[PDB]
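Consider the single chain below, provided in structure tokens and representing the form deposited without the ligand.
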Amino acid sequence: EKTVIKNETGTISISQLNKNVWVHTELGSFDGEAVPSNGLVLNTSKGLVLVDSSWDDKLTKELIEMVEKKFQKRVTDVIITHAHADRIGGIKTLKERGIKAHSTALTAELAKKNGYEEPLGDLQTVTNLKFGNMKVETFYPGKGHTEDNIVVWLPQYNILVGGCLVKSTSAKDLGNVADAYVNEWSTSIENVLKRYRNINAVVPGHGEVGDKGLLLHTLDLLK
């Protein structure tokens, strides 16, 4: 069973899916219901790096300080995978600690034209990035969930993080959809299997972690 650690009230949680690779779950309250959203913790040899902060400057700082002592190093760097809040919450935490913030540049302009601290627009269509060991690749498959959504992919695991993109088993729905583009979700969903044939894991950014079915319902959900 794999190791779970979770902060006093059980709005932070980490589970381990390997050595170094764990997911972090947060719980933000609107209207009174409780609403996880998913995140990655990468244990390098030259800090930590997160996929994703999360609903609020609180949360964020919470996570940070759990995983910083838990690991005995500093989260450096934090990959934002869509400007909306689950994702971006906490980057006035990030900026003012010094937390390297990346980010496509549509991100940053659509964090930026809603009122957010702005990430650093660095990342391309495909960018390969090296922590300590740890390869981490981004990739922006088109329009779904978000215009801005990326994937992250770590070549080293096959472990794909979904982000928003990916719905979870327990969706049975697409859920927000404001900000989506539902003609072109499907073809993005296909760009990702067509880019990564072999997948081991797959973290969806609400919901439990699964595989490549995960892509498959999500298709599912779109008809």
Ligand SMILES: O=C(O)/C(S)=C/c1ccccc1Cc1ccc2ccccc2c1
Given for the second form:
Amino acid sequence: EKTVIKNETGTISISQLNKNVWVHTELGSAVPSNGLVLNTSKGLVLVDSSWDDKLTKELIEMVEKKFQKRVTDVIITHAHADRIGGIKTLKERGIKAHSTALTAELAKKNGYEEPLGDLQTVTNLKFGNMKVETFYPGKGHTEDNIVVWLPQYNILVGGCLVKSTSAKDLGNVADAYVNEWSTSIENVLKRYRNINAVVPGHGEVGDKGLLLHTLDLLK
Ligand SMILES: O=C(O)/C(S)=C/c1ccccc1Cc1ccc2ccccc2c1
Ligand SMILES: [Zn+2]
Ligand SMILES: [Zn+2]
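Moving on from the form deposited without the ligand, kindly provide the form deposited with the ligand bound as a structure.
Complete assembly follows, chain above in first position.
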């Protein structure tokens, strides 16, 4: 069974996918959400922060103590609170907050501090030996949502573009593009034809079937 480590009260939990990849899950307002923790030889890298600065601080502190290294970088996958709500903490700690330009533009528009706006449609990053690819597949859950791919593990972080099995509808679609969303999913499936695991933005880890589930929800 996968190792699962929790904070006091269960508001933050980390679950191990492999030697260097963990999923981090927090309970916001109850609404759980997921991101990743990458344990690299040059520091810890997160995919996404959390709902607010209190949770982001506690996540950072938990992983820095456990893995005995600093969080250096975070990839922000869209400009909603579940993903970006800890940006003030990141900036004041000197943690690099990577994003697309559009995500940064939307964060500013909505009153958050701005991530770097450095990610392109395809960006390849390397942290120690850990390779990370970011990909903008098109509009879907939001205008700006990106996915993150770990090519050494064929793990896809779908983020909120990808719904878990337990999601029975599309959720909050105020900022969504429900026509383009199917094409954007298809763009992910075309880019990454052999996928080991898919981490949705909310709910249980699954596999490619979560992408097919999302397509069905969009009918
Ligand atoms: O669906 C999403 O991924 C997002 S980030 C939606 C969203 C849309 C706009 C503003 C805030 C949110 C967060 C949210 C709000 C209510 C939720 C209920 C159930 C499950 C997840 C939920 C997430
Ligand atoms: Zn969202
Ligand atoms: Zn979300």
